[PDB]
Every structure is written in C-alpha cells, then in structure tokens.
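Chain W is fixed; fit chains A and B with the ligands onto it per the hints.
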Amino acid sequence: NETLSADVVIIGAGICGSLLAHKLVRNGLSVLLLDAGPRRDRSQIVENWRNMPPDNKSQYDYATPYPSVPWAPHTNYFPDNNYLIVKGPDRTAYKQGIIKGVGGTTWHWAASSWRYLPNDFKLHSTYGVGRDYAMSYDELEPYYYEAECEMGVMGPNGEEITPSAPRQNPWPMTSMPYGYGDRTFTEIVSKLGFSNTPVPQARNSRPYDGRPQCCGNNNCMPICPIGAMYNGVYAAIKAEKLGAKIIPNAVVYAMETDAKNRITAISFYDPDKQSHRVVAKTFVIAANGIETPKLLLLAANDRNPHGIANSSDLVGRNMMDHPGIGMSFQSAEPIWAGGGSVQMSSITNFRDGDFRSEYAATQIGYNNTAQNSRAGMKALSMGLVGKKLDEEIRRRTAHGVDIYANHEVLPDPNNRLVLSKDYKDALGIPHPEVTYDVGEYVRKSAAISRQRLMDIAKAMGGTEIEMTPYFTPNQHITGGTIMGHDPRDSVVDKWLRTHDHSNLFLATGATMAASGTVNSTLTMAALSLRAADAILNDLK
Amino acid sequence: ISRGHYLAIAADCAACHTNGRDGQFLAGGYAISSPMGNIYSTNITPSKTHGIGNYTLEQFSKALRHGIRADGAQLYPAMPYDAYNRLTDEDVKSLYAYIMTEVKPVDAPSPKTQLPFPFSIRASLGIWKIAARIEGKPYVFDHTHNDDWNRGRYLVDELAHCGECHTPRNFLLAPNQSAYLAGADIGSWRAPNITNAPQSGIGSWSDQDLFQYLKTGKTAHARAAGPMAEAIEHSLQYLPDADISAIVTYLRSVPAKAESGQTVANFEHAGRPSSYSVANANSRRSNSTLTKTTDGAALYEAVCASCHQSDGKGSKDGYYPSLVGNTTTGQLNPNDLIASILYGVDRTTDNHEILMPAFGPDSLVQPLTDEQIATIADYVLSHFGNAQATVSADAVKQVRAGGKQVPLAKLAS
Amino acid sequence: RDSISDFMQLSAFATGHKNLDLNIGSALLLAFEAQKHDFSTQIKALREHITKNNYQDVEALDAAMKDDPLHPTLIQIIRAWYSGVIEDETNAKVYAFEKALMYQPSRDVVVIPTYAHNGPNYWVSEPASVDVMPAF
Ligand SMILES: Cc1cc2nc3c(=O)[nH]c(=O)nc-3n(C[C@H](O)[C@H](O)[C@H](O)COP(=O)(O)OP(=O)(O)OC[C@H]3O[C@@H](n4cnc5c(N)ncnc54)[C@H](O)[C@@H]3O)c2cc1C
Ligand code: HEC
Ligand code: HEC
Ligand code: HEC
Ligand code: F3S
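Chains as they are written, first to last, in the working numbering: chain W, 1 to 540; chain A, 1 to 413; chain B, 1 to 136.
With the rest of the complex left out, here is chain W:
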C-alpha cells in the first residue's frame, strides 16, 4: 500500500471506537477504523466457549474463547500469557481482561452500563480527594442518554432505587424481572438494611435494534449466543455499512508530527510486520484504558522523546480501576443462581456519602452466573460417586453464591504503564507493564468491605466461605491520560483533545478522571459521543 489516506482515523475498533466511527460516518465523514485484533465473529466465540474445559468454566475464564493472536496479544491468565505485566503491592488487582478484535473487550462484558452520580464528576471539589473532571454531569447527560439509547440499555424506569444520577428522560427499557436468586438476595440484604436495586444493563428486555430479547442463557460473560446484550461489534458493523473502512490486525506503533505539533500521519503493522503510513486530518486514539497509554508511550519521536501527548509526563501515569474483593461461599438457603443475566441486581446503598472524604464508596454486587459448572466440578473434585454425587451437584448448584464489592482508587501518579524493557511480541512492541498500587484509601475501604461481605454471608448462613485476601480485577480500566485544563497538569482537555496535539482526540477509559463507585463503560460511551461532537465541530 502506497498510502492509506483517510479523513478521520480511530485507533481501536472497540465500543468507544465503534461508537465514534458510527456517529462520525452518520454525519458524512470518511472514517477509517484501525484495530489491533482480528475480525471476530460471535458464533465461533460461542462454539469455543462451549468447548472450554469445565475446569476453566468453573472459574470465570473470559479470554480462552478469544484466541490471543501473536501480533496483538491480549490477557489470558489460565496459561498466564503474561501480556499484561503487573507488579506492585497489588499486582493481582490489575490482571485486567481485554479482548483485541473488532468489538473490543466489550465483546464479553456483562453490559452493566451505569450512569455516574453528579458527585462523581466533582469528587475533588466536594471532598478534596481525587481529581476532578473538567466537565460536569449535566454537560455529559445528553450524550449519556444518547449512548444509552444507542445500545438499548435496561433500567428500573419507575423506581426511587437509591440516590442516583437524575434522568432528563427514562431508560429506553424496563428492567426484566428478577430470577429466584436475585429476589432472595434482595430480601436478604433488605433484612440486612442494604438496598438491592435493579442494574441498568445494555440488554434487551424487549426486542431492540433487531437483536432478540434476553432469554436468560446466563452467559453474558463472555459471549451472548443470541446477542441480546450490546457489544461494540454492533456499532462497528453499523459504521462499516454506513461507509467506515475497517482493517483488523492493524497495530499502530508510531506517528509523525510537524514542528507545529500537529500529527500528520500514523503507521501500523499486519501480522507480516509491514508498515503502512496512514494520513488523516484528525486522528482519534480509542484503544483502551491500558492500550492508549502504551500506544502513547510507544510512539515517542525526535520532536517528543518523552512520549506523544506526554508533555505533562502523565500519560501512563495515574492508573485507575475498581478494586473488587470477590467472595464466594455456599448458602444454607437455596438460591438457584442463573435465572436471567449474570449481573441483574447490586447494592447501591453506598454509592455516595460524606465518607468519600475518608474511604472509598463500595458497590456490593451479587454475581448471578450459573453454578452448575462450579457445582459439578467441586462435587467431582471430592470424589463422590453415584447418587451421592448427583445430590451434591444439585445442592451445590442450588446453593452456589458469589458476592463481591468494588471500590475506587485515588489518582496515584506512580501507577505507570512503563513498557517492559525486556519483553516483546512477534511485532517487537513491548508489553504494557503496570507498576500498580491501590493506596491506604483502598485498604481503609476494604477494611469495612470485608466485614460487610462477611455479614452478608452470615445472613445467608454460608459455609465453606472463601474470601480473596487480595483484590480481584474488575477490568474497568480508567485513568492513564487524565483530563483537565492545564496542559502541564493533565493530558487532554474537556473535549478529549490532547493539549500537545489539538488534532488528536482520545475517547476511552484513559481520559476518565475519577473511577467512580460503579461500572464505567456507559461513561466511556458518553465521553466517546462527546468526542464525536468535538470532531464534528472541528471539521465544518
């Protein structure tokens, strides 16, 4: 290829990138979509998941169905592919899941799209902890609902569930009714004083967008056999049909800029390690919370030896996530987890308060994934035979309970993604290496989170209670390129344009300022649509 010219390029065909591409092609702009992963198809992922060993199915394995392509490897911990090097006091708290391929990691999310509270956007102003968004909640609510209607998100339309984000107009859906497990968990935590509320899900309670109604397979992680949730592959397909050019297996590595700091072109590899110069009048980097900083630190040139968009020396710095402490036990009272989606209800009673100045807010969610695989594997592990084995399988699948609690981390600039100086893939691109730390804030929040979870298990009369002494990752990779006003104190502005390079936008978790107390991909989608407004204003 002599040159792959375009108008607007978006590095990374994930949910953020696919929404960006769809909105921009809908307005008549030549959008070129580069993706590190390959062209990925839903049914084959379903077939691979069906054929995973039940040992990997008992545990929550979500990377085996997606092959880790050598040119664009993604995390896989059961063989420990070691793509995401994590060290620090909580290296196990950032073993995030990411899928490379058209659609991105949201190929296998639970569709738990959430609207952040107004105080999540002014944490720093109201409590002095964290860093503040340059944008208020009101400035994001239009685009927030735009994304909500784009993916067809569920929600308890009529309910005063908990102090939550005010809505100018209700959810496009009504939350599908709870299963037995969700109802019983709600009753238990209500007797414990916790408020169990329906979780807004980018999922079809009624037929939407030509995707069927959720029939409750309970395989929201890691693949929907009927596609009743929403995945970024939907917006990628819509953009491709509308005119967007998509090249899978396009791993960009470096980009050239002029003395004006206006980056002029980008280059990427196929698996065959061939460079192709891509030139467009406005580049957008929508790769990941993890991959955007690695790309920005990997594309340092002579003009910017410290990394592109790294004038503040903060790209890669200030990592963020939701440190979840997942605890699984055996309920004394039957639950029958599996009815509906894997994530139907969650305790939102502690999403905000005056304690955020001291310790992190906690969102105690109950995992609704079916325990038939877990019950079978555990009952077969203890070497039971015949009718006793059948009875134990039924018992452990009717009593299997998984409970977790997620928190938020404060901005620690020491949480770099300094690319490992020793490990490289077939393309020679270094793996993203995280020097992760949670903080005394997270330790203090978890100090009461453990007691809360133990009380919840006690109310169930639980047995063989297993608690992770560490923090489990929730793959809500936010931070890394923190937004703000000052070019020397933050990476990008309110409109998600890099201060160093006005023609470069980034719409991903990296620009997220405060991790919040709940899932974030709805917030990434809203930020992506705000970015789309930004390029729309830029090029007319």
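Careful: at least some of the hints might be erroneous.
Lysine-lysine pairs mimicking BS3-like chemistry, simulated, CA-CA at most 27 angstroms apart [stated by the list, open to error]:
| hint | chain 1 | residue 1 | chain 2 | residue 2 |
| --- | --- | --- | --- | --- |
| 1 | B | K18 | A | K313 |
| 2 | B | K18 | W | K388 |
| 3 | W | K273 | A | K292 |
| 4 | W | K378 | B | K93 |
| 5 | A | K62 | A | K112 |
| 6 | B | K99 | W | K387 |
| 7 | A | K313 | B | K99 |
| 8 | W | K245 | A | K410 |
| 9 | W | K387 | B | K52 |
| 10 | B | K99 | B | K18 |
| 11 | A | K313 | W | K241 |
On the chain W side, residues computed to face chain B include the following (Cβ under 10 angstroms) [said to hold, decoys possible]:
| hint | residue |
| --- | --- |
| 12 | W49 |
| 13 | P53 |
| 14 | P54 |
| 15 | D61 |
| 16 | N76 |
| 17 | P79 |
| 18 | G179 |
| 19 | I223 |
| 20 | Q274 |
| 21 | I393 |
| 22 | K424 |
Honestly, the hints are just simulated from the structure, not real lab data. We treat Cβ as the ideally placed atom computed from N, Cα and C, and that holds for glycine.
Just chains A and B with the ligands now, kept in the frame of chain W:
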C-alpha cells in the same frame, strides 16, 4: 371503532401506506419490491395538497376498485384493485368516509415511483387490466353456502386480499385463477399453499391451529414471518374472532391444489435423532470467524441452537418454535426458511414482540455467507424438515436478491 | 467392537444412568485409548471384577477397592462422563457439553449457561425443591 375503521383494518390499507413502523399514518412512502423495480405507495390522508382531500366519492371508488387515479392515470397493480374490485359499494363509501374524516391529514409528498421503459409510462396498464380480467362485479351474497362461508370468502378475496400473495402470477404477471390460493413467490418470501389439500395445503391443520395462526400469528407448528408477520401484526390481529372464524370456514372449503412430489403435510415431518459431535469441534478451537467450520450440524449448533435446542424441538415454553414439525421447515420448497435465515421473523402481536436476530450479510448479531447459510439450511432440512429439500449457495443469493427475476422482468434491458 | 460395548455397560453402571450417547462414548474411548495403550487390558480386568463379585450399585464398586490402583480409572471415567474432559489443562478437549451428566441434575431449573432455557422470561416462576431428582 367505526365501520370505516374496521374496513380499513380488514383491508390492511395501513400496511403499505405507512412506510414501516415509523412514518406518518397513511402518508405513503413505503417501498414495495415489485419484480421490475421499487414502487412507492402514495399518501391518502385527507390533505388538500399532497393527500387525497380533493378526492370525491366516485373518484375514491375508481381509485380503490378500478385502480384509476384522480387525474386518470392508471394505478400500478401494487394497488390490489384486482382484489378490491368486487368490494361492495357500501363498504367503499364507508372507507371513503373513514379516510375523509377519521385520519389526520399529513402534508408530506411521497416519493414518486420510477420504473424503466415501458413501466415508467403509467398508461399501458389499460391493456394489462383488460388481459387480467379484473372486472369485477361487486360481491354478492352466495346463498348456496351459509353466511359464515360468504363472510369468509369476502374477507379472503376482497378485504384481506390473501390472493394478492397466496396466488401465483402468469407470465403477464396477473393473478392465476386456475391455481387459486396455491402458493406463490412474492420475491424474498414464498406464501405457502393454503388450499384444502391435506398434504400440499393446510387441510390437515386443525381448526384451532388455523384460528391461532390467523389471530396471534404463532402456533405449535407454524409462526408468521415476513409479510405474513406484517399482515398478522397490522390487520389480522385486530380482526374480531367472528371474522377469523368466517375466514377459517371459507379456507376449509377452497378447492385443493396438490403439489407434485409431496407426500407428507408440511407440519408432520419428524426429526432424525442426530446431531453433531462435540469432539469434532475441539479441533477448531482457537480459530475464529467460522471460516474453517464448513460442516452443517456444528454450524447450526454454534449459530442457532441456543434457542432451537440441539434436538431442534424448540423451547419447552413454545416461544422458540420446534424446527421439527414446522411448516417453514416442512415445506418442500425452502424459500421461506432461507428468508427466515436472511431477514428473520419480527412479529409484534398484541404489543408483544417476537424478533429474530437477522443472519444475513448485513446481520447485526451474526453475519453469514451464502454457502454458510446453504450448509446450515441443508442440515436443518435433512434433520428437522423436508429431507427431499436442498439448498444451494446460489439459491441463498437469489433469495437475497429478491427471488427469481420473473420472465417479464428481463424486458428492462 | 466388543470394547465399546463393555465401555458403555460399565459407564452406565458407574454413573448410575442409562441414557448415554453412543457418539460421546465412542469419543471417550478414542481419547482414553490415545492416552493409554493398556486401557483395554485394565478395562477387561475391571469388567471381570464386576462379573466375579456380582456388584449391584456403584457405591460398593467405589468403596471396596480403595487400595487397588484400578479405582483411579473408575474415578477418571466417571469424571469424563459427568464433565466431558480427560486432562486438566486449558488445552484439554471437551467431548460433552449440554449433555454432560453434571449439568443434567440441575437442568430443570438452572439454565445451561449458553443453551437457552424455556422462554425469555421463565425465571419469574418459582423453582422446584433441592431434593427432587428430575430424571436420568
Ligand atoms: C470480563 C469483563 C466484564 C466486564 N463487564 C463490564 C460490565 O458489566 N459493565 C461495564 O460497564 N464494563 C464492563 N467491562 C469493561 C468494558 O469491557 C470496557 O471498559 C470497555 O469495553 C472499554 O473498551 P474499549 O473499546 O475502550 O477498549 P477495548 O475494547 O479493550 O479495545 C478496543 C480495540 O482497540 C484495539 N487496540 C488497542 N491498542 C491498539 C493499538 N495500539 N493499535 C491499534 N488497535 C489497538 C484492540 O485490538 C481492541 O480490539 C468488562 C470488562 C471485562 C474484561
Ligand atoms: C439458527 C440460524 C436458527 C435457525 C435455523 C432458526 N432459528 Fe429461529 N425463531 C425464533 C423465534 C422467536 C421464532 C418464531 C416467532 C415467535 O414465536 O415469536 C423463530 C422461528 C424460526 C423458524 C420458523 C419461521 C416461520 O416462518 O415459522 C425457523 C425455521 C427458525 N426459527 C430457524 C428465535 C430464534 C433465536 C433467538 C433466540 C435464534 C438465535 C434463532 N431463532 C435462530 C435460528
Ligand atoms: C388472508 C387473511 C391470509 C390468509 C388466510 C393467509 N395469509 Fe399468508 N403468508 C404470506 C407469507 C409470505 C407466508 C409464509 C411465511 C414463511 O414462509 O414463514 C404466509 C403464510 C401463511 C400461512 C401458513 C402456511 C404454512 O406455513 O404452511 C397461512 C395459513 C396463511 N399465510 C394464510 C404472505 C401473505 C400476504 C402478503 C403477500 C398476505 C396478504 C397474506 N399472506 C394473507 C393471508
Ligand atoms: C399493499 C399495498 C397497499 C394496500 C393494502 C393499499 N394500498 Fe393504496 N396504494 C398502494 C400503492 C403502491 C399505490 C400507488 C401505485 C400506483 O400508482 O399504481 C396506491 C394508491 C392508492 C390511491 C391513489 C392515490 C394517488 O394519489 O396515488 C388511493 C386512493 C389508495 N391507494 C387508497 C387505498 C385504500 C383506501 C386502501 C385500503 C385501506 C389501500 N389503498 C390499500 C398500496 C396499497
Ligand atoms: S448472554 Fe444474552 S440472552 Fe441474556 S443471559 Fe446474557 S443477555
């Protein structure tokens, strides 16, 4: 609801005069995939500018029955004026009153139909009507049969115009009276034979089954899809139960039209107790895009077995129909099944919505290629429906294109 | 073709159930014979042991030979028939899903995670008890 509203519902006039679920009420703009091109239905709201507000009673009767516009231009046969021609004068007057008074006028010009020479000139249709033997005496009560049979015949022939799509067309593309209700290809979809043939038609259907299909669109052995889903959703569902009973009574008396090479009714096809081997599917792990899984059973299991389970007997609830004992799968000609794979069943009965995930090239859930869809359809026919039915990739591409180009359509060259 | 017959007979005895797929059994025999060449010798020995000591159910066939190194392969075979895997790593092949007997005793209520249960809104109905055995 008034008599005019009932007649408009039974005539299903809102099916083609409202472009899709969206769009204004009877504002036109709907694209109809005619064999020679795309024809846009016109606005009939009482709008003095872009509607039919200027239409008088006799002008409206001419437009409805004889297919002649106000300016004298012959209406295209997308208008079932050959089916509304025998409509009674009183019903025509009631429809005129309903259209003039009971629907809000909309001022939005409809797209103008553009067809190749000589389909562009809307004047050769006089010879077409003469050769079609349209006229067309207004319907008269036949005393040989009871009142229910007469009402059913009125509904099927005049108002609901079931013959517009369930009757084949000749080389000149006019309704074939010899093969009455014998089943026809309407482009992407095929309307099955609905005569009283026990094997070829629907004679073996139970009365309750036919009533359920014509009222709600769902049955243990048949689900309304595509244009039939649209008809059920828009017109048939609002029909009172007495009218559905009359339609059933008439349908159980139409002459049979047996098909050659057919021996078992479309809903009595049992399924072989066979499936794919999970062991064979281990080899294609860590291999996405399904390019290498050319076999059919594993392809069906990966793509569609989530709802219609591995045995193919559908969901126990009945929400997902059994592919065994299904009229769409049991049909000797598999055009309906190919259309269901391509576009899918989307029927909204009583505000409750069935929705296929489409599986065409522009599918949102799972795109599939022509050969891929051919293999999976072959597996479905062999294991669940008519074994004698075979599907090729060229057949799938043809179904996508809109069926066979009729020999009259080749003239546009 | 005797070996497949003895395999099916012993397996139906061991799992305590009769309705077992023949294709899955053939795949299991192929995998077992690929894993160990001496599978046939010890399987015939086990069959002879059951015939000579006239075993009734599988609880005795589990308890009686705790020290015999043949009980390992009985545990292996029941694990295969209930789970569908032979080995333990991620690479291990799956020969039975949606039909594995560990999913069956809860099939009536808890949905097999990928294959849809009845209807799209079934879970609103209350489930059955824990001590009732659906079938098989
Ligand atoms: C198991 C799991 C469950 C989750 N559940 C939820 C949930 O319930 N709710 C919720 O809100 N969130 C959830 N998430 C989080 C959610 O998946 C992500 O936060 C979101 O999808 C962000 O995706 P993204 O498009 O920004 O990045 P990604 O989707 O990770 O990446 C987009 C694409 O960018 C490409 N790319 C990356 N780097 C480069 C490069 N240098 N050059 C070219 N291309 C590149 C990759 O190939 C990839 O395909 C979950 C995540 C996981 C792993
Ligand atoms: C894999 C590609 C398939 C195949 C081969 C079929 N389906 Fe479906 N299907 C679904 C629903 C809800 C209906 C019927 C309407 C309803 O009851 O509301 C159907 C219907 C069919 C038919 C019959 C069509 C007709 O014209 O009668 C056939 C032959 C058929 N299907 C085959 C639902 C779904 C899905 C959602 C869970 C999925 C996935 C599929 N079907 C996939 C397939
Ligand atoms: C007048 C009210 C009627 C009646 C009594 C029937 N139809 Fe239709 N129909 C159409 C299509 C495209 C199909 C097949 C869909 C698919 O292939 O899945 C059908 C189906 C039927 C049946 C089922 C028969 C069987 O499946 O064997 C029956 C009993 C039936 N119809 C009766 C199309 C149309 C249509 C547009 C062209 C119109 C108008 C009607 N049908 C109207 C009627
Ligand atoms: C399935 C499609 C369909 C149905 C049902 C239908 N129409 Fe139409 N109608 C059309 C099309 C297409 C045209 C224009 C084609 C032509 O010009 O030959 C048309 C034209 C007309 C016209 C001519 C007006 C003009 O300015 O073109 C009138 C009046 C009309 N229809 C009224 C009705 C009434 C009343 C009904 C009964 C409710 C009805 N239609 C049912 C499709 C339909
Ligand atoms: S996989 Fe899909 S069908 Fe429901 S159980 Fe999850 S949203």
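Hint check:
In summary, the hint linking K18(B) to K313(A) is supported, as the alpha carbons are separated by about 22 angstroms, within the 27 angstroms threshold. Under the criterion of a C-alpha separation no larger than 27 angstroms, the hint pairing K18(B) with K388(W) is consistent with the structure, at around 17 angstroms. As the CA atoms of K273(W) and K292(A) are separated by approximately 25 angstroms, the hinted pair is consistent with the 27 angstroms bound. Restraint check: the Cα-Cα separation between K378(W) and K93(B) comes to about 19 angstroms, which is no more than 27 angstroms; the hinted pair holds.
Restraint check: the Cα-Cα separation between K62(A) and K112(A) comes to about 21 angstroms, which is no more than 27 angstroms; the hinted pair holds. Proximity of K99(B) to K387(W) is assessed by CA-CA distance (about 18 angstroms); at most 27 angstroms being required, the pair is judged to hold. Using a Cα cut-off of 27 angstroms, the hinted pair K313(A) and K99(B) holds, with the two alpha carbons roughly 16 angstroms apart. Taking the CA atoms of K245(W) and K410(A), the gap is about 35 angstroms. The hint is violated against a cut of 27 angstroms.
Between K387(W) and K52(B), the direct Cα distance comes to roughly 24 angstroms. Compliance with the 27 angstroms bound is thereby established for this hinted pair. In summary, the hint linking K99(B) to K18(B) is supported, as the alpha carbons are separated by about 13 angstroms, within the 27 angstroms threshold. Taking the CA atoms of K313(A) and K241(W), the gap is about 35 angstroms. The hint is violated against a cut of 27 angstroms. For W49(W), the interface hint holds, the least distance from its beta-carbon to any beta-carbon of chain B being 7 angstroms, beneath 10 angstroms.
Interface restraint check: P53(W) against chain B, minimum CB-CB distance 5 angstroms, threshold 10 angstroms, status holds. Interface hint status for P54(W): upheld, as the beta-carbon distance to the closest one in chain B is roughly 5 angstroms, under 10 angstroms. With a least beta-carbon distance of about 8 angstroms to chain B, the hint placing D61(W) at the interface is held under the 10 angstroms criterion. Taking 10 angstroms as the C-beta contact cut-off toward chain B, the hint placing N76(W) at the interface holds, the least distance being around 9 angstroms.
Of the supplied interface hints, the one on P79(W) holds, with its beta-carbon coming within about 6 angstroms of a beta-carbon of chain B, less than 10 angstroms. Hint on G179(W) holds. Least Cβ distance to chain B is approximately 4 angstroms, under the 10 angstroms limit. Interface restraint check for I223(W): the shortest CB-CB distance to chain B comes to about 8 angstroms, inside 10 angstroms, so the restraint holds. The beta carbon of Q274(W) comes no nearer than 31 angstroms to any beta carbon in chain B, farther than 10 angstroms, and the hint placing it at the interface is violated.
Checking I393(W) against chain B: minimum C-beta separation of about 5 angstroms stays under 10 angstroms; hint holds. With 10 angstroms as the threshold, the beta carbon of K424(W) stays out of range of chain B, its nearest partner Cβ sitting at about 24 angstroms, so the hint is violated.
Of the hints listed earlier, those the structure fails to meet are numbers 8, 11, 20 and 22, in rising order.
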